[PDB]
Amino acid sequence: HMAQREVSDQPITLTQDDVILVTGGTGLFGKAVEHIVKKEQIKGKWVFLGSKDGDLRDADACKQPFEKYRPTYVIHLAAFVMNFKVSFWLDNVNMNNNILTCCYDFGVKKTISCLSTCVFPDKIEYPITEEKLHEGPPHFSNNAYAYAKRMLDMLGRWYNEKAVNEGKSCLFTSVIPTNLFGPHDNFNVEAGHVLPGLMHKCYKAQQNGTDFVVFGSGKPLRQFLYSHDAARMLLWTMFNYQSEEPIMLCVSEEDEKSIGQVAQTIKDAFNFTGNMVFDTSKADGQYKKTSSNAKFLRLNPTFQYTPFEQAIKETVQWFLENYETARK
């Protein structure tokens, strides 16, 4: 199909009659959407679903928010992450089948779903680009979750195929955010991502007078995306991006940071004065795992990212001000 370009000529303008349903809207990424929507006074009725709002795995329960709100746009962020691989497949594929089907049946204009970097093929040449998504099996460790994400992508394409044949205005696409951090992250030191975990380990050292320990050697390099940046990128995707191919949301390779840089940045943001030490008994992760921002950079060249240091200082200030209610 040579017909349409990856972007629309003009952006979609939302009106007050628009209703935007956001599943998984209370996590790190969803709370950032809410922040940007409020800060930039984006029009429309925005509905941020949470766990108490209904079990999206159940087909009938999943129909309830669509019947109630009749959304014109859907941002699908929810995922299930009894820890059995069976559950990871069943719970995610059932919710994904239900959500996308509801989107089609209720005539949602555009639906954006969320994938993650860990669903790409295990055997892969870097940098990761979106076209490589299905080119071989994922890593065995999370392959139930990985395949549900892969079939979430495919189901969107199949629903795009159906919308054409039936003459409906329904578009399905997806974003791939890479290493999000920011307010409302999960700060459990054992179960959280390394960056929010370091923030919690630094805070704990500051309260106890203990040294601040980085579990790696500090050498590996990663690209980190501030959740508020990712939210602006996602809104840009909702307003402009027409392609069914996923789009990576990540910062450039030139902006990669080491764990040691990250941990040092955290220390300065905390103004922690004690010692920061690296535990080399723990083996280092993989050195570089670069993903490619070429498509977004090509399609939105004027986009401005938040400096890493400012994003850490903002994130640390939220953590200090909200420690009691942060997820731990």
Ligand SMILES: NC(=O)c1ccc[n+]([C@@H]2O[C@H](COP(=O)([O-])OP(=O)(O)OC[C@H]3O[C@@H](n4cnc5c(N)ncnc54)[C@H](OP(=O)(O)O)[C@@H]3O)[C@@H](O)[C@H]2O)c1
Given for the second form:
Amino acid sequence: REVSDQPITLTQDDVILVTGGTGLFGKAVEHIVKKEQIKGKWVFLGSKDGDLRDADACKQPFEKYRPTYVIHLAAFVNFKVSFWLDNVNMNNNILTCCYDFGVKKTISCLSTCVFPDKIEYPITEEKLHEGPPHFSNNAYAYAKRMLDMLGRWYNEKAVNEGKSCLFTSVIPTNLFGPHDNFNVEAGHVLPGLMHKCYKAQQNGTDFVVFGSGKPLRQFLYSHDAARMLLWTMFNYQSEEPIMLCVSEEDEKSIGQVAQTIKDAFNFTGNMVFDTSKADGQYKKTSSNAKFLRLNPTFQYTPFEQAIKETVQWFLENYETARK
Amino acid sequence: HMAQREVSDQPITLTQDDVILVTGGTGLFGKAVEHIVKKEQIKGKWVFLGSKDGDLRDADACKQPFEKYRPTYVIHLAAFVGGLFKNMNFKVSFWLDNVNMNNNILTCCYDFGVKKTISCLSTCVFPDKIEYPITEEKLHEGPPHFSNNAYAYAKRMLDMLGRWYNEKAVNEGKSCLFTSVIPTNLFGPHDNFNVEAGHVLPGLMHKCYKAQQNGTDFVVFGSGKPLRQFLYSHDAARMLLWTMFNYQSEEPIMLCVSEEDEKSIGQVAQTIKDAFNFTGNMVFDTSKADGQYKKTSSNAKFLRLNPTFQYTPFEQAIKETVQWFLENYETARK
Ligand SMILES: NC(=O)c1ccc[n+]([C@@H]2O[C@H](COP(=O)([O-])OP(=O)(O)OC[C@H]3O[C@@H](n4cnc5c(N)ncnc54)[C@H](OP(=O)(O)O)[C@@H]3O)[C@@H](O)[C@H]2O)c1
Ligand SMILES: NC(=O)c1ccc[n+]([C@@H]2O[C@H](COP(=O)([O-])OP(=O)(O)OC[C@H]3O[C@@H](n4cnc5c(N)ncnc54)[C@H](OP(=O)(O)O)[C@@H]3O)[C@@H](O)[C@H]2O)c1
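Could you switch over to the form solved in complex with this ligand, since the one displayed so far is the form deposited without this ligand?
To see the whole picture, the full complex is given below, headed by that same chain.
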């Protein structure tokens, strides 16, 4: 079945290798692991630790740390050629090292933006390969598609050779939280609005939002994503990707996001919407039905509570935050 | 982009200064190109690579012929289609061996400034849920069949990588064109005639040869009634060469025969029977289950772009292959 009869129980002898562990998602995983006293030696790799696109450099952390579990979060996010080569080489290397070094379970990370361009909503995991992705990021998208397929192919090989190697994947939708990229120009909508509001509070200016503020998105707190990913590691046995998102009823509009940010900074000035900028797509809804059916009692952090925590982290660490 | 037609106004004319690199030039398709190049005395220095020249899955080894020969054109036919041994045939290998070889070759093509590169797809990589006849535009409209999906996806990503390298060439102002052909079932000399691992038609030839030498019956699996399109490798080589000379579009172009020219599996078996002059019985082992009746691919694009193209009649192409097989059996791939 999709979930093991009993959860995997980590011990002090287990080693968990987390590629791309220094970003938004990795830092949340590290935060939950320490907070919940999850056992094992957790190794959070960054680029400083080695170029995973090179096959030889990629095995060095496997030879060094001898992992029993792998959480594969690294990606390259410039010519489309480079996005294809860099990502497909890294993914091919990591999964191959995971099989060769006898990793018990490997969990990789897909993305909402790799699904078919022509797709009927809500996006469900089963639609991943049902048509070409959008043209605009199709190199990144196809490399993610082939990360999923390579996992299924290594499962076939493991079954054939009697090896105990499991490959699966998760699909987070719009993460936000501490250790995000808060650049107003380059960063994601939610972290950038936090920085714009704070500058409006420090200065005398108005909080300006690009667009009408009406498009609705599903936003997942990074700490929640980490709890969902860890549950997946402990319990989820299927090779099918599992979507990690909030329900549709929990989708906030951009204006709601901006308003929540203002009231978390205790911002008193005016907040205006610049409708010169064209509005993005109105809704791009992902279904959390699978996670809801397999882990029905999961509790999310309410959006307002999550914004207060990120603003609070962002305020306490502004000097050291990525901007 | 609206500017260029699918074909150049005049075909490219090769000179003695041109170097044409053919990866996979020792296999079925490659040897056919080598035969046409020699028969029609095409200009240029032609290099037909094989695995003995270097393992194109390795990035460093792949550079060695490009640094050595500095080609102006590349015909990329090399592919990993199966190993002789089981341990080399997991789906994992079909993905890795092919995607590594394809990434290396197209990257070398770009870095060394090849003017035009033609790679090779296959009609068995198209989506499983599809309406017949198959047209080139349907290549990515859904997942391929499960049984060969690693090979199929590697071919799809060879097509995509070419489109992405065209985008880079346009942006960098380089004059590099990447396109591809999609041949149907090929047959001919220098094929793989192993009955277990080879294609149906060359296997039927080797089977008929064994039946004649041994005294046995010529046994064909299935009823014989499935319809297939079969393209003589020498004809495919001429279509491929026309493509290099004339075709400017990055969209793949199918190389196949018309629907009228589809032969039944029994019809192929009979033609093979009558070309060996085999006088024993031809038997259909209906205990084996045969594939789907029709799997038609469209040749509309090539027929529209090259209407005067002349095919070799099926019977004459079979007799030429059988005669090659009898004269060269000792050195033939089996
Ligand atoms: N955030 C979202 O909303 C979202 C949506 C869909 C999917 N995802 C997926 O979730 C995963 C990461 O989430 P994130 O948002 O936390 O990413 P992130 O914040 O950008 O951090 C990414 C990590 O990847 C590592 N990395 C990148 N290229 C590398 C390379 N060539 N060799 C070695 N390490 C490399 C970085 O190490 P340095 O710190 O040294 O660069 C960093 O630790 C990715 O697979 C991403 O596609 C996220
Ligand atoms: N034959 C068909 O029915 C058919 C139908 C559709 C598409 N195609 C396409 O046509 C192209 C060639 O087909 P084929 O029928 O000619 O295949 P083939 O007869 O099996 O020959 C394949 C070629 O690839 C070369 N090769 C394989 N692995 C290599 C490596 N690692 N490094 C260097 N060279 C390597 C072989 O070299 P050695 O000779 O040294 O092993 C041979 O030259 C392939 O891309 C295939 O998909 C064929």
